[PDB]
Every structure is written in structure tokens, then in C-alpha cells.
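My request is simple: use the sequences and hints to build the entire structure.
There are 2 protein chains.
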Amino acid sequence: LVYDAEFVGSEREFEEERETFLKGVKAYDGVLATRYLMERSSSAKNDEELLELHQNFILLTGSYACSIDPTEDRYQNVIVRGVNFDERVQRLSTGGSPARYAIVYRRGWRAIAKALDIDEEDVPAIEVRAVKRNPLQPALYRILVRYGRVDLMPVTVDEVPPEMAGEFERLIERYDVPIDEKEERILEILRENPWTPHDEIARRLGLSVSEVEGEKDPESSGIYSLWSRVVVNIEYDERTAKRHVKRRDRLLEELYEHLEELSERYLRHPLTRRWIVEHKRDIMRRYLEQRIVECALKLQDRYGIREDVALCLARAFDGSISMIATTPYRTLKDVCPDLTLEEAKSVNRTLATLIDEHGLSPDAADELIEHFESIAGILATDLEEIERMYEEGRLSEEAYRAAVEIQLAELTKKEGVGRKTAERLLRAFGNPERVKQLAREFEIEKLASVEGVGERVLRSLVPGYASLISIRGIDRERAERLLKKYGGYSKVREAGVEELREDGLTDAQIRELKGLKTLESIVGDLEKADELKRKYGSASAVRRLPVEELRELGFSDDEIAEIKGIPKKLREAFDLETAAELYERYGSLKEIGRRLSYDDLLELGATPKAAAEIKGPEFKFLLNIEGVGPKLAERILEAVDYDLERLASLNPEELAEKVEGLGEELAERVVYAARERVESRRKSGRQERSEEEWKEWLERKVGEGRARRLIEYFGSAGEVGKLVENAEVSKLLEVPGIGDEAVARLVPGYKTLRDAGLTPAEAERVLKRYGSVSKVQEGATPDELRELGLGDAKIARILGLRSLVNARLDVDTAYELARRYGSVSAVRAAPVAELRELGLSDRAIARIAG
Amino acid sequence: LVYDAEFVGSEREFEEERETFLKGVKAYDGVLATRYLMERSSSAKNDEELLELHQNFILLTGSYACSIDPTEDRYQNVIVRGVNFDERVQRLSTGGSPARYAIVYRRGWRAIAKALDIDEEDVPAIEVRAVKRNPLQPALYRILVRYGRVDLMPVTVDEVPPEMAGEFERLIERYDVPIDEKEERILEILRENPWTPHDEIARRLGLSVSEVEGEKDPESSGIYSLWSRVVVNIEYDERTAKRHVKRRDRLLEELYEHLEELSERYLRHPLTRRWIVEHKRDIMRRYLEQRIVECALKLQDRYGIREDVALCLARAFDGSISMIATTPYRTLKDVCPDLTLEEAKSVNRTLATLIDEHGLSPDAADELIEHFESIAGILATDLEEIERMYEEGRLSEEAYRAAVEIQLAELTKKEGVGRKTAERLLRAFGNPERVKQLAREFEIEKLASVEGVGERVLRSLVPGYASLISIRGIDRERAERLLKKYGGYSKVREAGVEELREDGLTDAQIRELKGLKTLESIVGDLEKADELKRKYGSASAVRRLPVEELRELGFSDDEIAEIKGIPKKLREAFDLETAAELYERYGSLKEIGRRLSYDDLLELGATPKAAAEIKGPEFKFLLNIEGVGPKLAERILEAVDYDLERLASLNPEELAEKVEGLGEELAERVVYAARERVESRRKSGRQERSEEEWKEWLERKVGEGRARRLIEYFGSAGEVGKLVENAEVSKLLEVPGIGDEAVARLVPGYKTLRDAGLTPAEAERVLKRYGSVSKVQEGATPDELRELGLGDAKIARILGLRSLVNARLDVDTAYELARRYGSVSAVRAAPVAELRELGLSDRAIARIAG
DNA sequence: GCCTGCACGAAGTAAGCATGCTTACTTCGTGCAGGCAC
DNA sequence: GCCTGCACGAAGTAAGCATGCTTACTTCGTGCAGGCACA
Ligand SMILES: [K+]
Ligand SMILES: [K+]
Ligand SMILES: [K+]
Ligand SMILES: [K+]
Ligand SMILES: [K+]
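These protein sequence lines are chains A and B, in that order. In terms of this note's numbering, the first sequence has 630 at position 630, counting the first letter as 1, and numbering is strictly consecutive. Quick note: to get this note's numbering, add 850 to the position in the second sequence (first position is 1).
Please keep in mind that the hints were generated in silico from the structure rather than gathered at the bench. Where a beta carbon is used, it is the ideal one built from N, C-alpha and C, also for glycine. You may find that some hints are simply not true.
Covered stretches of chain B (in silico footprint by chain A; criterion: 3 or more residues with CB under 8 angstroms from a CB of chain A, positions within the stretch not fixed) [to be verified]:
id	region
1	1116-1128
2	1180-1192
3	1221-1230
The calculated label-pair distances, taken between Cβ atoms and stated as ranges, are [said to hold, decoys possible]:
id	chain 1	residue 1	chain 2	residue 2	range
4	B	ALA1679	A	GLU445	34 to 44 angstroms
5	A	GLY206	B	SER1673	51 to 61 angstroms
6	B	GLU1398	A	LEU288	36 to 46 angstroms
7	B	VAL1682	A	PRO463	26 to 36 angstroms
8	B	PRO1681	A	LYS436	39 to 49 angstroms
9	B	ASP1184	A	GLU581	50 to 60 angstroms
Now the structure itself:
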């Protein structure tokens, strides 16, 4: 029934009892491990060393049990299986310790362990009821454990005297103890074998086990009474008790060492303490008592229920949290009156939801609990049944309204489903769970037969119906047939082109379904495009494939050049290999011309004119005038960093100083030509849009209405365009009718910055500081962005360090790695030894790689 | 900006115009492909064959353009770029076809293609304004296209007469025609070069391009007027027209063949039709109009909006669906009055939700749309801001209530969050999007600072907080610290044991967090258990690992035997390899003894006594009596199918007959021993529970309350137990307060049958028919279950054919495969040739394998 | 609750998977500056 | 006036991944028989 015990001793006594109980638990764990070694291998079974180790563990367990509660007052209200052992020990002549009188019973340690706050998940089991392999007489052993005779309890199998085992009758006759006829009949059988089970004794004597044992008191009849009568007349040997207490601990550790030695011999592996605890738990798990302890521990940890109330609930409901969650509050209070309503709500989520989220009374909620078990039960129950229960007076108004609102909300939470449509769906198909099942079964026509179920309702209910119906030519019947045939939009997409054609789908429909419109731009037919998508994934990766692999499979060189986006001036100049290599390494033809030299381009196989075309238009215009020379033009462009602006923004005297092989007479002409070019630059696109042009641009971007709204709010379309150019996001948003979508339509990058989690003011500041999100990515530093008032997460997301930061790296180190290695993929493929040299942890590098 | 034209002709005329326009599109695609081949490779550029092919394509394009609208009435309301070409051609003296007069202008084909319902995604471009490489005179070519002179338009470059090209003035002098001084000044320049651009003509003559060209009518001034005056006076050559119509199509296919021949030479790959369409799209993307067309087609395909209204919306909003979805119905009707409210709701999901799901008026919804763009805007807007707008009279009551209900629902959809708590959260943190962001940032204390936010609210909002706080010793501060440090419960779980210990977590806490309770039962410490979970996933897979791999990594043989659950009589008999093999193949030691023979067990390395122990206890008891012999005992057990019951249920005369080698004297004693054994069976277990025992069993199973309710409803606990034993699921469920959970608590297998989707009556019938779900799986047939009223899906789910049915196989064939090959894994590893012999398709076997 | 391994059966439970919101891997369409000219 | 080349960045698309939820995938509960062995 109930196991409980209260500790009334001091803190020192509490710690002493804790240590004693833990040592006894270790001893009994040694007992159990020795029994497991006995049963595991017959080779170890045929070994007296294992048996002597087992018996030594039993003796140490008995000693530590005798050492429990020496003052016989540290514990009170000791209850085992419902029996109050306090009063029972009070009604005895010799009295004694109720804690020890409980520990001599099986599972009685559950009462003492609760009084000492021992972690029940370690299973602190202490049992002293060994009979077969007990080196002592079983009843004498139990009586010594009860009376706490540490002096008489041996700690070594060799210290066991025969007067306590085989020749036990020697000890009785030594103290002149009166014996009745029943105890004489017990002794006449015990003389044959002192380890005879009490069941066999009661069978042969024609009595009950209770009659054979008797009360554990000298003033009774039975073997327990006889051994108590013998023990009480024995004086306490304080010296021997002190010696056993001093010796038993090191002896226990020595027994553990011997156990590990025997395990490493017969099994070639040791039995760890955690393995012993887990095996003890696996053994005890078969018992409803341990299931109750586990349920109470879960109620304490997860739901925060008090220990006593959690134990009461676990006892009353066989340790079934699922059953407690379907039990009404009135029954919970009947079984455990100390339970609080808040604890009942925490354990019963249905009750909690009904009370708090719906304002129901406890009884009104218990109504729904009794009638439908859970919220899932309410969602599965038919609305007609609920209405009938309400009409018949069997369901209260509050509970009925709550159930109807729940069933309706479960459907109205979807887009396009109103209250009327949800009620019609409930009338048509019983319950929202049935509606969900019909949607899973793709019963699209059956769902659309109900009034209110439109295209939006179908898209929100049936998964994949939106993706199918959004294709031209595919109607509702065709989408339903495809879904029911293949088993989901995923399977329809995984289907083959030939079978999709067998279903009657157009090649355009199959292309739109499989998303291979670009792959069919690269490759002629749909079959090979689908094969490429299956093999490599995306057309982007297909383009990223190397030149040799692309020439394999069956692509021409011109096809590969079109795939990799090789320009004409780079395709017709070199071969495909070197052209694609240069393109993949530098990105742009202008970057090629800036990095690689004219002589290098010539050495790679370029025409002296094609090499100049690969060189910048600045180089081309330089070579146009007289007295240039390719190397001198290269030197000039490296001095002005390939920039006609910086070339013209210089005096010819300064120009002749920077360059190594050039005179003033030529520098004058060079600066003149550069200034002529920059004069031809204002004659290009220097015009800033006029009023009508800004008006038309606004009407294009945000529409006629919002454009007129902006023009009326501010001065004119010119002022609106000025605000747009200066990225006045806040001043644009303050206009009624102008929102984030319109601002992002006007201000480029605002949408990306908002998706990154930035406030409009933060996006405005970042744009005013850097220009665009591209320049932010290829420039902004984490310290700069922190000085702009941004958080580290926003900084990582806007710079692209999202994956590296998710790999448990700070923004600073992620930015350093990305800056050293170039790309995030390059950091992920970076050398592990190089990362270790940088100073990253092993687990950090493992997370980076995975 | 607007392109439109309406077709009023009959079905035959519609098909004729469709074919003519498609052939003209093919001809212009050939033109563009020839130009692409000219510019792609200089080797192909230096080839007159490609130029001749290009000119033939141009001539065929001109012919097909002349062949459009022969009756001059098939089209009406022709509008191109805003100009009404119907009225423009009506105001001319010669009249003509407005469709043909529009196609001579750039992009005018967009008007004609809409009248023929041609898929605009193919870009049906037709342009007849070639100047440089035009084999004919450009203005004469355009005028022939204008007046539809298919007879005068040549179909072959060799058929081109010089009087239509170099010596074009010969054709003018053939018809005299009066000419004015401006056209004479144009002719004096055209004599120098007939292909002089109109820009150059207007530049040299000091006039405008419009003044040089003139109206395409004889009653005007310009080169167009002159050529029209010349052409009108030319009689129609019906014979040449009919011959050209008969000849041009096959000529076009021949030109396509020549184009593919030239492409396979200079590029080693052909130009597919889809590639040509994509290149046309890439060219036309610079004309921005295609952006509008794509938006209109998307509005047609997804939301089912009419073509004209979709085009109007895309024009008015620059083809931005995100912008149209944020535009109110009033503005949508102002820009496109033909739009319907249902189409506006379909395109604006916010408007649809406000109108239908919330019962708002169109104006009340346009209010919220103007003020907050979208439902996301409302969720991002502060409740204080909405209340202020309502108080100041700037927001209507209906719109205010709708916005408040939306903001509240977005939070109350979570468990534990009531209306009061949602309102308090809105007051505290502005908006539900801010609440969601705070929950993502693990601001657990900041959220709990609000009244009403309890443990359930925290568990429902913060993901993983429940999993963390449900562990003993872990408090709110520790859970918040762990979440904010690692970045989610997933990362906390992926964290290492050493760093979790560095955070101060107990080993028990780390075990409960990582779910390594079984792996730490197999292996001693936590580090190796976590490594095993990382490498293999689950202890189940660790057990499934082979013997060699298990001996690797560092497991002992006894450890492997404990892992694989090898019995003692099978572990001590053979070696680990053969023991684990036999166990994985047969399951139980009794199955080993029944299948394998005594001689086989001996051949595998078993002791003559260990082989008998591996054999059944029936075999052991048989060998107990005298004069048996192991082979004779095997024969007896094979005769009685290893069943002492069937052995005792026989006469010794019948016993001596079945086995081939046994006498009557021995059969008598065998039957005697078997009957003695079955007599020793009735004293073991047979007691049908008494009344008090049934009462206690009910109190254990369904609880005290429901047990007493059942005992009162029915006769007694005995009757309740009878109902349970006979699986009276319906008769138990009819009791108020008894539900599926209690029934499954009483009736084993009911929970599994219900999770399989079976109604309680179906589960009751299946249980009454078969006994248990185990026997259903190991016995029930699909035909039997269909006769029991079950569906094929339920049959598959209850028999375990779920994966095979998901592999697009019917239940009958899936059951046949599972019966023949045993297991689903065996069907997967089955021979592909054997499956083909069975008669499965290639794709079917592929789906089985994958 | 002798005691737990051996075996089976079933959902208890927790690993593996479907699902829906989120987020750029990938599309994919736009803007614009030079460069030869139709 | 096209054409090519590159930069830009939003979501059109389509995978990424968190977060919930199935079910037998993985664990847990029960009966029994003979050995660890007792009400
Ligand atoms: K080359
Ligand atoms: K606004
Ligand atoms: K806790
Ligand atoms: K062996
Ligand atoms: K009921």
C-alpha cells in the first residue's frame, strides 16, 4: 500500500544514516552482482571463490543493516505496505528500532530511503532475507539485523562460528532459553538442515508460515521468538562492534576488487557501478511498485507535483500518466485529497485547457473529461452525438458550448475556413478528425461538395492540392486522380516522365511539375533533364560540374560554354579548359584583365588583339593614342588602379612621378585624354529624373494610388525620389497607406534587411552607411555593425555567417574564417590541421565539418 | 502599354489563323536561330550558306505575315501600344486588315496572339522589319506584308527578282505612279543603296523618320505611301499566291533541316525548339513586357482570374503579385473595374480572410489593408497603435475588432494561452510577432514576467523548454542559459558530454537529456555511449551490428552475447558466431531445438548434453525414461510435433503405428509419462480470478472510480471480467465514463487496432475472430479482413504491409510477397529476376528496392 | 514480488518521419554601363 | 539601337530545417519455468 517514514534526528545523524544506507546499498549491489555472475557462466558457477565473495557481501549487508538507527529514535511513523510499524514495535515487550523492524521485511527499505531523501532512480535496495546461500542461520541473521547486533554479525566468511550456522543449537543451550512444543517441533526439523525454507517447515509441521515464524519478540511463539529470546540475553560486545565498523568499509572495497577480478576472468570485462545500477533497474522494472516510483518521479520532475501527492496518484492509478491525464478532478481528489487544483491541471492537460483557456468550472470540465477522455476525444466525437447529449440533458450548457467551440476552432484555424463553413463541415463529416482524414485521403470532390469549401479551403486542407492545381491544364479531377494514384505530391514529383505522360500530362505540365525548365534549356528532352536532376540535384550544381565531367555524359564544348556562362571574348580567345578555369577563379572578364597581365594572357594563347579585348576598355582606349606601349599602359593602369576617374583626377606632374617609364610630355596627353573621357561621362546618364519621370517611376513601382499618396503627402515626385535615393525608410513608412512592401519596392535591399530581422530604422542606418546589401556583405565588419547598433545574430544573418554561427562559433571568429578562406564552403572544406593551428577545438571542428 | 485584339471569325477561320501565325512564329524563330549562329561562331559567320538560310527564313516570314487575315474581317478592336489600329485603318483610304497593319509594327504580334489564345510563355514573336540582310527592299517588303501580297512575296532566295531588290526602280517605272518631291529625294538616296536605314535617310534629308516613312496608304507622303501607291496598282496573281501557299510549308521544314545540319557542324549540337524559345525569352526580357505577361499567366494559373483582368492588374501594378496582394479592393476596382470581388479575394488573401473568415465589409477590409498592408502587417502592428487609431476615430469598430481578434488568435492558438494571457502579452510586448521573436530568443524570464504566462505557456511558446525543465535539478535559469548558449534544444542535445559537465550538469541529467539510458546499460560510461549514439543512432542498431564489428570498437564476447540476448544454453554450447547466427535466424531456443536435429547440433559443436539442453524440455523428459535413444525421441517429437499435450492425447497402439521404430511395451510407458506430465499441469495455473481478485484487477487497470462504476453498471467484477475476456468493446464503451483509453487498458490490442484506424466495432470483431493483433499479423488474410468489413488501407496497416503498399503495390500482391519471402526486408533483398518471373514491372521492382 | 532469464505481445515510449513555416541552396528577372551600329 | 557583360536581390521556386507527431522504428510489460532459490 503506502511506504513512508519520517526522520526526526539531527543533521549529523541524518548524514550518518545516509552514509550507512548507501554503504548497505553498495553491499547489496555486490550481492546481486555475485548472483548474476553465478547465473551467467557455469564456469564461474563451479567456483567456490564466487560463492565466498557472495557470502561476504551478504555478511557486510547484514552488518550495515545492523548499523541502521543505533539510537532507536531517529525515525518515526514508519509505514510498510500500509502497516504502521511504529505502533507495532511500541506494542512489543523489547521495543527496538522501527526502522530496523521495517528493514527486516522485504521492500521495507522503501520507507527508510524516503526518510533519507535518497535518489530512488538509483534503486537503493537493501534486503537481508537470504536463505539458501546464507552463511548464517536465516532466522538468526534476520533477528541480528533487527536488533542491530553489529558485534555478533561477522564481516568475513571465515569468522562465521558454527554455533551461528550448522551447530546453531550450541548457542541456544548456552543461555538457558525456555522452549514450547511448537518451537521444539521447529528445532527437530532445523537439526536436519538449518537452511530449510520456512515454507517447507510450515508444510511438514502442518502449520502456517506466520505460525512457524511468530512475532519477533521473546514473548511469543515461533523461531523468531526463540532467536529473539536467545539474543536478548546476550551482552553487547562493544569492542567487536568497533572492530567490525572499522574493518567493514575497506573489506567492502576489497570485495568489489575481487568481484572485478572474477568478472575480468570469466567474462573478460568488468561490471561497472552504472551497469550494476541499470541491471538492478531492469530487474526491478517488472514490478508495479517500481512503476509507481517511476511515475511519482516523473510527476515530480516534469509536472512539479509534491512527493507525497505524486506517490498517492501513482499508487491509485498503477503508475499510468496516460490514465491520470484522462481522470477527472473529482476522482483525483477522491483518491488523493491533498492534491491541489493546479497540480491536477498540470498533470491533466485537458482539464487545464478546459479550465483556463475556456473558462470552464472544474465540474463542467470533468463532464467533458468523463464523456470524451481528452481534447482529442472531443475532436474525434461527432457533433451530432454531442448535440444529442446536450438535448437529453446529459451535458451542461457550458460544456456543450466549449466542445462546439473547440471542434469549430480546430477547423477555423485554417485559412479560408469560416465559422459557417466549419459548422457545415462538422454536419457533413461528423468531426474535424474525420475532416482531416478525408483531406489526407485526397477526397477533394467530397470536401468541395460542402458549401463554403472553396479553392482556398482545399489548398489549406489537402496537402499538395495547391501545388498541383496551380499548373495550367490541371483541373481538380486530374489533381485528385494524381494524388490518389501516387500517394502525395512528393510521389507525384518522384514519378517518371513516361508514366506521367501515360497519365495524360503535357510535357509542359511535367516540366512545370518537376521544375526542370532550365535543365530542359540546357538539354533537349525532358528525360535526360530529369536524369540530371536526379543525379546532381540542381542546374546550379550541373553548371558547377567540372569541364571533363561535363564533356562526359554527352555535352559539346559549345554546350559547356553556354552552361558555365563563358563570355565570347573568353571563349573565342583560349580553349575551354583554361577559359572555364579563369572564369571560375576570377568571376568577371574585367577582373581577368585587371589581375592577369598582357604578357600572361599572350602566354595563355590569346591574340594580341584578343588579349587587349580581355584587358579593360581603359586599356583599349589607352592603346588608341600614340606612344603608349602595352607594358607602359599596364603600369599606368596599376598606378591608377585601373580607374579613369583616378587617372583624370591627377596632375600630369604627379602622373609622371608614380609611373616608372613615362615622361611629362606623354603624361600631359594621358591626363588630357582621361579628362576628355570623364567629360564624355556626364554626356551619358547624368540626368536626374524630372518631376513627370519620377511620377511615372513611382506609378510603376508602388502603383498609381500609392504614388499619388506619396506625391500628396510630400512636396512632389521629385521629393519622393530624393527620399528614395537617400533611403528615408522611416519617412516613407510614416505615410498612411505606405507599408514595408511598398518601401521594399522603392528601396532595394530593404526587403532582405527586414527578412534578416532588422528594424526599419536599423535597415535605414545600414543602407545610409554602406549603399546596398551587396556592399554590406562585401565590406561591413562585425565591429562596424555593432557600432551601428545591431545584434550579433542580425550581423551574422546579414553577412552570411548563419551556418558558421549555428556551428557554435561567435560572429568575430566566423568572420575571420570567412575572410581568410573566402567562402563558407571553403571554410567547411578547410584543412583540419590548419583549423587546429588557428586554435579551434576538436568538437568545434567536428561541428564545422558536420 | 496595352495590347489587345478580339477574334470574331468562325472556328475554321480561327484554326486557319492559328496555323498561319504558328508557322510565322516558326519562321521568325528560324531567323533568330540563324542570327545566333552568325554571331556565335566566326567560322559559321564566314559562310554564305548560313546567310542564304537566314534570307530564306526572312522571305518565309514575310509570306506567312502576308497570309494573315485574308478576308479582312476576322479581327476587331485591335489595340497596339494604346493606339487603336482599328480606327487608324478605318481612317485610311484603302482600308485593309487591322491585324496585318498592326503586325508590321514592333511587338504588335502581342495583340494578334491574344486573339488566337497562343501560349505567351512560348513568346510567339513575329517581326518583319529586317533591313540589313533583307534580300528584298525593306519598305517594299513591309508594304507587301501590310497589303497581304503573298503572291509578290518570294519563298526562295533564287526566285528573288532584281526588280524587287537592287534594281527596285524598275518596278516603279513599270507602273509610273505620280511621285512628289519628298519621295523623289528619298529615291535619289535609295539609288545609292536600297538598304539605307530610315534613320540615315532622315538624317541626310534633314527630316524626321515619320516624315520619311509616312502613312502606309497611297494618299500620303513618304516611302511607305509611294510603295503603297505602287502596290495597289498591281493586280493579284492568284496562281503564284496558291503555289507559294502550297510550297512554303515543306520549304520551311527543309530550311529547319538545313539549320540543324549547319548547327551540328559549327557547334556539334542542335538547337532545340525549347532552347530557341528560351533564347527568345532572354532576348525579349529587355522589353519588360514579358514581366507583365508572366504575372498575368501566374494569376490565371493559380487564382483562376480571367485573362483580360489579370493583364489589367499586371499592367497597373508592374506585374507584382506581392503588391497586388497588398492593394485594397477599392483601388483594384479603380484600376480594373471588370474585376470581380471573388477574384480580388482570391488574389488578396488578406482581403479574403477579412471578408469571409471575419465577416468584414469590403470597405472595412480595405481600411485594414490600407493601414497595415497584410495580416502579417496586422500581426506586426502594436495593439496600442490599433487602439489609438480606434479611439481617434481613424479606424472603424468592425476593423478594430477584427484586427484585435487576429492578434489574439495568433497567441491563443497555443496551448495554455487564454484570452486574458494573450491580451496581457500584447500589452507587454506590443505585437504577437514580437512575442514570437522573444520566444525564439529564449527570453523565458522576460516572457514569464507577464501575468498568466505559466509553465504551460512557456512550454508551448519556447521550443525545448519543456524538455529541459522536465529534468530534475534543471531550473528555469539553467534551461534559459543552456538554450541561449547552444542555440536550441537540438544543439544542447548535440553538445558533448565534457562541455555539458563543464556547464555543471550532473551525469544523470546528461543521461536523461541525451536519452542514453539503454546505451549506458550496455556500456559503462557516458562518453562511449554518446559516441555509439553518434555513430549508429540507437541501441537497437547497436544490437543489430554484426559479430565482427561488435568485437571491434572494444566489446567482449560476453558483452556481445548480453547485447544480442543470447541465452545461456546457446552461449555456452557453441561459439559466438554460430550462436548469434542461429539466434538471429530462429528467434528462440525452443525453435532451435524444434527445427535443428540432435545430430546437427552435435555437428555444430555442441556437447551431447548441451545439445539435449538446446533440445526441448520435452526431449529432455523423453530421454529421462529408459530405452529411448536420441533419434527415437526425435522421431516421437516430430510425430507429436513437439507437444506433450498431443503426445498424451493418444493411445499407445496409435503411438506405435505413427513412428517407424518403436514397440508397444515402450509406447505404453511413453503415453503413461505424458499423461502423468499433463496431470502435473492442472495444479500449476488454472484459477479463473475470483470476485475480489477481479475487483482488484479492475482497480489496478482502470482505476478505483471507473472500476466501481463498471461493477455497479454490470452485475459484478466477475461479469466485467467476462466482458473483458470476450472482448466486448462496445458493451464496455456504452458505459458513461468508460472510453477508448480504458478499453485499451482492459483489452490488449485495442489501442493498436484503433491507431490503425479501426472503429471500435471493427476492432471488436477482429479480436473476437482472431484473439490478438499478434495472431492477426501471423494469420489473418486480406480476403478474410475484407469479409470482416475492413478497408484495404486498414488491412495493410494492421498486417504490416504499409511500406509495400506505399511502394505503389496493392494489398493482395504485397501480402503474397510477404508470404513468399517472409519479411519486408527479405522482399527488398529478393532477386530482381525472381520478381520479374513473378510478373512485377521494372518500375515496380525499382520502387520496391527504393 | 523466491528470482530473473526466456519468450511473447503490445503501446506503454522514444527514435524516425511527415509537415508546415522559413530561408536562401537556387531560380530568375531587372537595371545599367560600354561597345559596335542597323 | 541592339548586344553582351556584370551586379543586384527578391521569392518567382524549391529546398532547409525546426517542430510536431506518428507507430513499431524502439522499448516496455507480463507469464512461466527452472535455477539465481523463498511469505
Ligand atoms: K580556340
Ligand atoms: K503606414
Ligand atoms: K526541475
Ligand atoms: K564453447
Ligand atoms: K462512453
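Problem set entry | Coverage assertion for the region 1180-1192 of chain B with respect to chain A, Cβ distance below 8 angstroms, three residues required | With 3 residues closer than 8 angstroms to chain A, the region 1180-1192 of chain B meets the three-residue bar; holds.
Problem set entry | Assessment of proposed distance window 26 to 36 angstroms (beta carbons of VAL1682(B), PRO463(A)) | Hint holds: Cβ distance 33 angstroms, inside 26 to 36 angstroms.
Problem set entry | Assessment of proposed distance window 50 to 60 angstroms (beta carbons of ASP1184(B), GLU581(A)) | Roughly 57 angstroms apart at Cβ, these two residues keep to the hinted range, so it holds.
Exercise. Are three or more residues of the region 1221-1230 of chain B within 8 angstroms, CB to CB, of chain A?
Worked result: holds (count 5)
Exercise. Are there at least three residues in the region 1116-1128 of chain B whose beta carbon sits under 8 angstroms from a beta carbon of chain A?
Worked result: It holds, with 8 qualifying residues against the three required.
Exercise. For the pair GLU1398(B) and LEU288(A), does the Cβ-Cβ distance stay inside 36 to 46 angstroms?
Worked result: holds, 42 angstroms
Problem set entry | Hint check for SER1673(B) and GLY206(A) - Cβ pair distance inside 51 to 61 angstroms | Given range 51 to 61 angstroms: holds, Cβ gap about 58 angstroms.
Problem set entry | Verdict for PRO1681(B), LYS436(A) (Cβ pair) under range 39 to 49 angstroms | With a Cβ separation near 41 angstroms, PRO1681(B) and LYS436(A) satisfy 39 to 49 angstroms, so the hint holds.
Problem set entry | CB-CB spacing for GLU445(A) and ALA1679(B) relative to the 34 to 44 angstroms hint | Once the Cβ atoms are compared, 41 angstroms apart, the range 34 to 44 angstroms for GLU445(A) and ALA1679(B) holds.
Of the numbered hints given earlier, the model fails none.
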